[PDB]
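Protein chains: 2
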Amino acid sequence: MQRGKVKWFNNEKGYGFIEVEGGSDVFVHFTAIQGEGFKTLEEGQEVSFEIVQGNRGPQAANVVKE
Amino acid sequence: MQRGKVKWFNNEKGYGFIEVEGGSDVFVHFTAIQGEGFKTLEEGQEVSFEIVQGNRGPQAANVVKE
Ligand code: NA
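Chains as they are written, first to last, in the authors' numbering: chain B, 1 to 66; chain A, 1 to 66.
Careful, some of the hints might be misleading.
Given that identical chains are not distinguished, each listed pair holds provided it fits within a single copy or across any two copies.
What the hints assert, rightly or not - Here are the simulated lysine to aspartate or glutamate pairs, EDC-like style, with alpha carbons at most 16 Å apart:
#1 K7 x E42
#2 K13 x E43
#3 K65 x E12
#4 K13 x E66
#5 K13 x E42
#6 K39 x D25
#7 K39 x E21
#8 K65 x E36
#9 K5 x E36
#10 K13 x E46
Quick caveat, the hints were computed from the structure, so don't treat them as lab data.
When you get a sec, could you build the whole thing from the sequences and use the hints?
Below, the structure written as structure tokens:
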């Protein structure tokens, strides 16, 4: 698990990228976002998350908004 | 039917969140807003609305400023 801050999120498309210290930006899809409510993120939002590797490459999992 | 006050609304992006007494904040997209005028909301505006569940989580529908 790592903390990061959303760099960009296209709310209409439902995906974006998370900046992290000491790694490349991480793709995040809305289906990774946990908890109550409509699955969305704003740029600048701080989250905790894990990275998983699929056929498309690394992406965020278990994204929890701070 | 619910009543709330807009907590924040990004006019450029066309979405925000409504605060409701005794529940979690509810996402609102501009396409939910009813009426003739440009589809926008100011923070503090009183609104009536319904909550619609869906794949990406709950959001407001039939939002009326009144
Ligand atoms: Na980085």
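Hints, verified against the model:
1. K7 x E42: both (8 Å within a copy, 15 Å between copies)
2. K13 x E43: both (14 Å within a copy, 12 Å between copies)
3. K65 x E12: Classified as neither: same-chain Cα gap 19 Å, cross-chain 23 Å, threshold 16 Å.
4. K13 x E66: The answer is neither: 22 Å in one copy and 22 Å across copies each exceed 16 Å.
5. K13 x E42: both (13 Å within a copy, 11 Å between copies)
6. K39 x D25: For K39 and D25, only the inter-copy Cα distance (12 Å) is at most 16 Å; the intra-copy one is 20 Å.
7. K39 x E21: neither (24 Å within a copy, 21 Å between copies)
8. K65 x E36: within (10 Å within a copy, 25 Å between copies)
9. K5 x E36: neither (19 Å within a copy, 19 Å between copies)
10. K13 x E46: neither (20 Å within a copy, 20 Å between copies)
In terms of the numbered hints stated before, the structure departs from hints 3, 4, 7, 9, 10, listed from lowest to highest.
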